[PDB]
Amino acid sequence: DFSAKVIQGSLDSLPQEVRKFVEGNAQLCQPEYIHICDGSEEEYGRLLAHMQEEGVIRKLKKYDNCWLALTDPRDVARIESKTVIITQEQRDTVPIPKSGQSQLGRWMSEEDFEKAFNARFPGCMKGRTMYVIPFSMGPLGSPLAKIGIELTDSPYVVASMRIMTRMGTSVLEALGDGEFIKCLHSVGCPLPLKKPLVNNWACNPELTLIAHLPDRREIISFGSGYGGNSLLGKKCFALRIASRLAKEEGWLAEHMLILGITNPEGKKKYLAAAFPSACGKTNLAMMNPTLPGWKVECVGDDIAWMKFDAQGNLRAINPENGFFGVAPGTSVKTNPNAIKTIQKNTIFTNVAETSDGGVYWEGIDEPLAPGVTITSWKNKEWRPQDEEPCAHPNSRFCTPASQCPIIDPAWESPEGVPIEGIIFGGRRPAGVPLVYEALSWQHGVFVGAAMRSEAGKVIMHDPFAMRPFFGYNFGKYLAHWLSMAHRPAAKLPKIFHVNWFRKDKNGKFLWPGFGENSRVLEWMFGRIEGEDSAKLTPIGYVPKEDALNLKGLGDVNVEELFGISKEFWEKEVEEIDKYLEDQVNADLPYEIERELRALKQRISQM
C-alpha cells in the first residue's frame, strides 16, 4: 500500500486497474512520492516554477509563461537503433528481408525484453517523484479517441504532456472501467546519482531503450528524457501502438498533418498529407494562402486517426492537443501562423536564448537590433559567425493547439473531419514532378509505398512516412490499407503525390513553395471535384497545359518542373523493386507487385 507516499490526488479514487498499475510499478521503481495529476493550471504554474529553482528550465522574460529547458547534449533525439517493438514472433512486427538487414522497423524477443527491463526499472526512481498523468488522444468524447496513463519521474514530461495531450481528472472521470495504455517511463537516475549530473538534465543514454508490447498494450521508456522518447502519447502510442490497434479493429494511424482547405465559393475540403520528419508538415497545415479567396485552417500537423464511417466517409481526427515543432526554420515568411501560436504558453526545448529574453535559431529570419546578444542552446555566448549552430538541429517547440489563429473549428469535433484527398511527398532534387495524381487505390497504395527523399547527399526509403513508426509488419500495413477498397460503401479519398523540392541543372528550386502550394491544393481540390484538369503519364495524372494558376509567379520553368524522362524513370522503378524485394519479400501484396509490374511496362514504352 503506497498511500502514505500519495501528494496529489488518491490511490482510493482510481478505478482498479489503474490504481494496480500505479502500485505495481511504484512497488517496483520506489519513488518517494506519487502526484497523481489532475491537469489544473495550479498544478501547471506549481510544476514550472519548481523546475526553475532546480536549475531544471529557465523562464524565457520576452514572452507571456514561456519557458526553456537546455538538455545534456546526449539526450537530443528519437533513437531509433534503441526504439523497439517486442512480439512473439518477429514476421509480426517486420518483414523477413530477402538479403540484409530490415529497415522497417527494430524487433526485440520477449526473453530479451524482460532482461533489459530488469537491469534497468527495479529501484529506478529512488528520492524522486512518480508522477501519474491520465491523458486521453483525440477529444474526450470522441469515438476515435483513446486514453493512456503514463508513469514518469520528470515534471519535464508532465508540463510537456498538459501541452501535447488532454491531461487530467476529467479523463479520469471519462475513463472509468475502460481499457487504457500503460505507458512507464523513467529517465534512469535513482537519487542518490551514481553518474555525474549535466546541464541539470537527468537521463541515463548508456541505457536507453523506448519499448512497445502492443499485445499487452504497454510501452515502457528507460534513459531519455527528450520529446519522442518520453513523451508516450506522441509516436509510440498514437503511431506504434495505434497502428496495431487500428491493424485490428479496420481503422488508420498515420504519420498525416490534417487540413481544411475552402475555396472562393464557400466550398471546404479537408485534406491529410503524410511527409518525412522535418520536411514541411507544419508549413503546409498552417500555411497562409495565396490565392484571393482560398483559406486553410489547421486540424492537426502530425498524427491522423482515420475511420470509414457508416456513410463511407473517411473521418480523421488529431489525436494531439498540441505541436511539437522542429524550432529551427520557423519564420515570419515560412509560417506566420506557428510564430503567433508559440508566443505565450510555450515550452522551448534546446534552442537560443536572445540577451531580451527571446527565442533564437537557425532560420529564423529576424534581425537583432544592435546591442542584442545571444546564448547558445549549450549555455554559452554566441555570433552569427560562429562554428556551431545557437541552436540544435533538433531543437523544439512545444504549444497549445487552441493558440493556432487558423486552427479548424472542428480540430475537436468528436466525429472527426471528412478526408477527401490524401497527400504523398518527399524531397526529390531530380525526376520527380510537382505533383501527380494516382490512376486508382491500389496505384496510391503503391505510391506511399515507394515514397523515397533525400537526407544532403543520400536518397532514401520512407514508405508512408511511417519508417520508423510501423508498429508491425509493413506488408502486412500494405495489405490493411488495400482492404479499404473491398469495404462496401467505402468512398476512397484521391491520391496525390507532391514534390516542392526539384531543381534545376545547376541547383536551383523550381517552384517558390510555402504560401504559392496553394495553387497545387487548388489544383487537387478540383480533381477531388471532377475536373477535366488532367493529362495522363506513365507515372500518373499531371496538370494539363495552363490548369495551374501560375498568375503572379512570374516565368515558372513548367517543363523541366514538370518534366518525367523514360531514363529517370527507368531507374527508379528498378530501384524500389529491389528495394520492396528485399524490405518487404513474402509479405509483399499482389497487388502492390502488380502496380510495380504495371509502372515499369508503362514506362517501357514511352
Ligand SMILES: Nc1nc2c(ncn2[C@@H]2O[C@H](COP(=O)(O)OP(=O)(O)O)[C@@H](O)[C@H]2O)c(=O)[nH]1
Second form
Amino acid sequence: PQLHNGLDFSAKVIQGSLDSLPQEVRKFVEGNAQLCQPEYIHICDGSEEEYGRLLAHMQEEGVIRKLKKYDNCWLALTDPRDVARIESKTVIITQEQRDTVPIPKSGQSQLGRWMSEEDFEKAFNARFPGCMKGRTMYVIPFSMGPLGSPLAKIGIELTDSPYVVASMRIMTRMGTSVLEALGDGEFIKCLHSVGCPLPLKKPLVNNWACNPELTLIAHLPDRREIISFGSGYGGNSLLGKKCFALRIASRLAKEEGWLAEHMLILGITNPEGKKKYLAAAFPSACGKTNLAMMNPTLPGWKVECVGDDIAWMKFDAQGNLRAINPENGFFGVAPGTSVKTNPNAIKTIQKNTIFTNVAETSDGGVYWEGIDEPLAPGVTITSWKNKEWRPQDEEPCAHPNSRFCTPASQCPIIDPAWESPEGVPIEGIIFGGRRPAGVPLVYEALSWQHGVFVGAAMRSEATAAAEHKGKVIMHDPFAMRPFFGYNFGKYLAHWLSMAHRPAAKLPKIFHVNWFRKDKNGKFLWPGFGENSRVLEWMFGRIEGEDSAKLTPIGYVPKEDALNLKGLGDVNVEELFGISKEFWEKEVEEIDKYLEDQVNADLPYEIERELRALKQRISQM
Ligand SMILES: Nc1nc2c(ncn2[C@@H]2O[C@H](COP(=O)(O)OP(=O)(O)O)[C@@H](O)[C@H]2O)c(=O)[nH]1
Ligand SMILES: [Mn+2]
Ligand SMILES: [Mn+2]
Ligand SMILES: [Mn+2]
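Form deposited with ligand GDP bound, following the form deposited without ligand GDP:
Everything in the complex follows now, all chains and molecules, and the chain you saw is the first one.
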C-alpha cells in the first residue's frame, strides 16, 4: 500500500513483471530501485533475443565493439583505472572481527579485511543513494551450479551495467527458469553499480563507467548480501564469481559441512581405460586454466575439463569427496594463450566470446602478448588503450589482466559430466605456486594433516591478478588468501575435520612447482602439455604404486619413476634438489607467518606438522 505514487516501480519496467517475481525477490528489487533511483528496471530472462538487443545496445553506446573476424565475438576496452580485482577495497562485515580473520598477534591481518556494520552503513550511505539515476537496473537471476543440483545456490544480481549482464549470462546460469526454480526459497542478494549516475559529472574514459575513488566490494554473510560499487571489471562486478562462489560460499560451506575452494577440476584417463578426477588449487595467473585444458603429450592419455577456478565439494553417503564447477563459463587471462600453450583455449574462444582489454587487429581479430601467431601483411593492431600500436613501443597491446569470457560448453575437452548435478569423485588434490627456487617439481604429503599443512604453507611470487607488483614471494594458503569467507584458523580446522568423517575416502595431496628456475633464470621444466608426465606419477600413486621416495618434505618420485622420454636434457639434479639451507629458512618464514596471522586460532595439528617438518629438516 501507499499514499502517493513513489513506491510502485511497475511503470519503469521495460521487460518483465514485478507481479511475476517471488515475494522476497520483488521486495529486494523495489527496495533498491527506490534507493538507487534507476530510470528503468529490466528483469532479465536469459533469452537469446535479450542477449541480442543487449549487445546491439552496447554497440550503439560505444561500450563494446564487434570482432568481425569471428562468430559473435566482442571487444570491450575498460578505463585504465578499472582493469582488475581490487583486493585492498574488498571487505567482510561481521559483528565480531574474529569471525572474519584471526586477530594477528602483532601487525595487520593478511587473511581478510573486516569492517563493522557501523563503518559500512556510513560508506554505503555515501555511495548508493541515487547512483543509478538515469540508468537501467537489470535484475539478473542466476543459479550457481546445475539447476536442482543439491550444492546449487541461487542469487539475484541488481546492476546498472549491460556489460555485466552479458558476462553473467556466460559465467552463470541466468534467466527466467532460475526464477521458477527459486520459487520462495532463499537467495543471495547481490547489488552492483558502476557509480556514475547521469548527468555524468566525470567524463568517461573508453566509454567505461566507473568510480575508482569510491570503489568498494563488501560482503555481509550474516545477511547473505553482496554490495559492490564503483567497478565493472570481472571479480568486482560478476558478483557470483569471487564474492559469491568463494567468500560467501566458504562461510556457508563451513556452516553446512561442505567446501568452497579456489580449485580447478579436471578428469584424466590412462591407456588402460581407468579415469580419475583431480583438483588443483593454484594462485591466480599460476596455471589452473592451462592445466584444466591441458593438451597432454603422453600417448593414450586424455584430459577433460570440468572447471578452471571454483570447486564446491562435499563427501557423499558412500564417503567419496564430490566436486562440481558452479560456474557456466571461463573467465581466463588472455596474454600467454597461444596455440602451443593452450590450444584447447583457442578452439573455445572463437565464437560467442566477449574479450576485455585485448588488442584488435585491423581485419577484425584479437591480439595479445604471447599469442605466438604471425599476422598477415598489412594487418595493424590497435592496443587496449584504443591507439595505433606497433611492436616497437614498450606499451603492451594487450593489458596483462585482459580477459576472455567464453561459454564452458564450447570447450572441446569439456568433461561429459561438468554439469552432472552429482559431481565428480575427487581422488587427488594439488597445491602449487610460483616458486623460483627451492621447491621441487612435485612431492606427496605424508598424511592428511601434513597435506592440510602444505596448503596452508603455500607461497608464490607476485603475479598480475590483484594490485600486487614487484618480484616478491608472499603467502597464499590454499590459493584462497583473497577469498577467505571467515576466520582462517577455523578454515584450517574445518579441513582437518574431514579426517574425522566416517568412511571418508580422503584424496591424496600433492604439491607441484611448474616454475622452478636455475642460476640463469631459465625454467627447469617445459610444463604445459608436459605436465601430463607429472600427472602420470600422481595417477600411479593413487592406485598404490611403489614409485615414491621418502624425503624430509614428503614423498617424491623414485629414480626413473617419472616418464621423461622425449626430453633427456632435463636437469633432474636441480629440478628435485632439496637443499637443507633453503628449507631451514622456509620453516622460519612459515612459522613466523602462522604465529602472527593465525595466532591463537591456529589448530595444534598444524603446529605439530610445522614442528615435525622443522625436525626432519634439522636431521639432514
Ligand atoms: N612456465 C609455465 N607457465 C605457465 C604454465 N601454465 C600457464 N602458464 C603461464 O601462466 C599464465 C596464466 O596461466 P593460467 O592458466 O591462465 O592461470 P590461472 O589464472 O590459474 O587460470 C599464462 O600467461 C601462462 O603463460 C606452465 O605449465 N608452465
Ligand atoms: Mn581465480
Ligand atoms: Mn583462469
Ligand atoms: Mn585431527
